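First, one chain by itself in structure tokens, the form deposited in one PDB entry.
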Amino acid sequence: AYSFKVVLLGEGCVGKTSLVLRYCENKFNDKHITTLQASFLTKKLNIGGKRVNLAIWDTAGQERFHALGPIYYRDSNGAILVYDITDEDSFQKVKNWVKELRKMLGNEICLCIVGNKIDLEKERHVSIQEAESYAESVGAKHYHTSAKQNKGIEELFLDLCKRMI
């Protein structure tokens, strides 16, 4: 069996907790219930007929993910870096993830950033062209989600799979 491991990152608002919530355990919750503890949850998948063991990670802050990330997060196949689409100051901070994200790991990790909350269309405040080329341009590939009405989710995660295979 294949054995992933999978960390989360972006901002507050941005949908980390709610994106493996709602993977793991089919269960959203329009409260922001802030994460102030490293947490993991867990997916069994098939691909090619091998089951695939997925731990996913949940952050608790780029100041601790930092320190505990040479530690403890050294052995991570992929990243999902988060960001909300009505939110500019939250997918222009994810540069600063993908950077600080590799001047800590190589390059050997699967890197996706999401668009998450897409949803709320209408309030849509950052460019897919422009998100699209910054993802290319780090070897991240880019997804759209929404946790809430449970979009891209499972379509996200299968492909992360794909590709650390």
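Here the rigid core means the biggest group of C-alpha atoms that line up within 1.5 Å when the two forms are laid on top of each other. Positions refer to the first chain, counted from 1. Compared with the form deposited in another entry:
- After superposition on the rigid core, the C-alpha displacement between these two forms reaches 2 Å or more for just one residue among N26, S137, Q129, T34, namely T34.
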Second form
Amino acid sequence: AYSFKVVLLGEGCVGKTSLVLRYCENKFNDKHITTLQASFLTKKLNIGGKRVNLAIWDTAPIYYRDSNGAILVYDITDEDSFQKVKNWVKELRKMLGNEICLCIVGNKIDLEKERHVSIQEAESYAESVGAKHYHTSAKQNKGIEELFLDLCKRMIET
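What about the form deposited in another entry, after the form deposited in one PDB entry?
For this one, just the chain is written down, with no partner chains and no other molecules.
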């Protein structure tokens, strides 16, 4: 059975912790500060027969060490959060081998009426650095099951 390590990256306030809490426990709160009550949480999967042990890491070399995939999140309502995405890529590449499966993720899509990131622009940067781009809303639970499933499959292929 497959054992994968996945790290969450990006600026504060974008929804990194909400994403892990939503995926792993189906909880979401916008009333107080959320903090992961562990270094990582475990999720088990079955993909076309085979089992997958997933360890999802969050933070408020030990962190980067032994990672197979990476989830780099920005906030669709906030252009600075996106423009800082490139700093994290040019830190992920310093820490780890360019063999790691990277996701770039536009979170908070329930707030579309307040969008400030260009979809074209975001998807273009993703392709140029070899990664895939995804849209999520932790609040409404949209796009998240698909993000983790596709990442798991990508890590299985290489």
